[PDB]
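Taking the form deposited in one PDB entry, here's one chain by itself in structure tokens.
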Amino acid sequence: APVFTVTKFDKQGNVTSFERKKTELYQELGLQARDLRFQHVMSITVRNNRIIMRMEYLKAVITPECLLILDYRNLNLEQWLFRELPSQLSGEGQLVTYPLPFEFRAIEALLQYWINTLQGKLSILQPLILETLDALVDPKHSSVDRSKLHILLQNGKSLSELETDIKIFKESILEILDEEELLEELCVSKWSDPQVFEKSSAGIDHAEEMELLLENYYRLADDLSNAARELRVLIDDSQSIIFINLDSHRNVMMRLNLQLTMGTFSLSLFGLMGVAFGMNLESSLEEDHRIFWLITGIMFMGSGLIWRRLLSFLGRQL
């Protein structure tokens, strides 16, 4: 029998954690097994006057009088759930002239938590990517640190995953924003209690507030998308600059090797005559006392002359 771990938050901020089976939870919440499947990483749906919304590892169901967190154990949710969420859900402080229903505060808190996690992911990825790209770009080494290439690849993969997460968050919010029926379905207290909504319709709950809230969070996600796209474009531009760094530095060694090759070729060409005169044969010139010094001087001078003439060749032909 599959089971759910449920953390229930009341309208007063009270936190109660219990242990209830899935089949009993369906009857308690007035839902069916197909509603609480949680097979989508980003989904915000309203089934049977219950707001069922999921963000990766954050699965929550919002009821008119309570908020439930499902499958929260061993997911680093032990700090926010018991020290930040009750404060936001209790309604302490803030503007008391227009207290919105519980579902509005629950949706706002969950959306803010997800936007904060996305902002933290981006603000962790950005400095690492910047510090990795600021070292490979620098033209003070012939090659790049091969150890940092794996770090760059992992950071790029994480950035792609973060971009996908922000894109699906934006799509999920925009789906509710565009369709007026979907946005009106979020008014759980209106349909659950159609007699209090008319009496308390003095700005307490209306489509304008939900429109503004969802637009604010969609704009925050759009800002995050713009920042992530800028970071990815920066990664691509830095890689293109590195491609020029490893090619322009190679040409320097090409030129040095070519110059040394000309030098050693001239040296070998003029030492060829020395080897020819070095054979143990009869050259008919061993009696002369000036031929040796003349040959040595000719060799040494012509080596430099041919080296300079060849050095002019690479300066002429580019």
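Positions refer to the first chain, counted from 1. Here, rigid core means the biggest group of C-alpha atoms that superpose within 1.5 Å across both forms. First, how it differs from the form deposited in another entry.
- For the residue set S248, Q94, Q79, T164, core-aligned C-alpha shifts between the two forms reach 2 angstroms or more at a single site, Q94.
- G120 is not among the residues whose C-alpha shifts by 2 Å or more between the two forms once the rigid core is aligned; its shift stays under 2 Å.
- Superposition of the core reveals a Cα shift of less than 2 Å for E103 between the two forms.
- With the core held fixed, the Cα of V137 is displaced between the two forms by less than 2 Å.
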Second form
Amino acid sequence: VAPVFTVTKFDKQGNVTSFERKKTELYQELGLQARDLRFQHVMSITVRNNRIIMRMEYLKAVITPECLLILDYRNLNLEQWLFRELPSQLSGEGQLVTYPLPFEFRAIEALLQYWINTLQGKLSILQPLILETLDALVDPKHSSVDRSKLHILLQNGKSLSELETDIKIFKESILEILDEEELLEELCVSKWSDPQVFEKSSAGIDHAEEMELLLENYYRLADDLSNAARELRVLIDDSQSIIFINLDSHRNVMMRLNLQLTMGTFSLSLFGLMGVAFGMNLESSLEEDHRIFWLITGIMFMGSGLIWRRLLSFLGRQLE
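The block above covers the form deposited in one PDB entry; next, return the form deposited in another entry.
Partners and other molecules omitted; one chain follows.
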């Protein structure tokens, strides 16, 4: 009934072993206290008892000089990534460029590379969708926008905000580690595991410098991702403003047409009032006259036209 961790252990030779271990047993094996493996923070990287404990959203990892541990890897679609890349990356000719460096360098490089790839994939999924939605929405020949595309844009904007928050947290953690040389020195766990051995093992190679360079590379990649996401958000805001202006302009055009038609209808009704008054079933002295009917019809139509033209001219003067 005790809580357990689903642990995937990658050895220094790339061998992978998956099992389940009691939390107390894991603490005893790793020489860590219970508070060290709480993983309470959304993303964090810490060095406790010469062990690199890190969490990035759903990825919880513990790096020791002997091996790497992935915790709570189930129901996250991580099996493909783990069993297809990590044996190759840690113990092969993969994209990792820190192979001659100790195991922790390869481990942290692989973890940061996977996380940066996940963020870049999220951005590369979001960008075309947002771009095409904005292009459809800011189309100047549409009187009104599509509301389903508006909802899609809202969902994509929420996803982009979440991605920006994730990238900002990544950058903040990496920069906080890079700022202090003490954290960089602590990150070299293999160096501090046997300081006497590494006093002569390091033949002029600085582990702290290599860690600083790797973290700087990943921080620069995260900064590029953040810049791209910020540009996307700015473009979204500009497109929203353009949509507002387009809708207002269409409303103004429709209102102008409606006002002109209202002027025409008002003139027609104004002279139809005279027509109806002459059409009442009341006795008058103009029934005997013959040209009176045609004269009234002609003056009604001509006056309606003239009043409509005068009202249009007045509208043009008012709108300058």
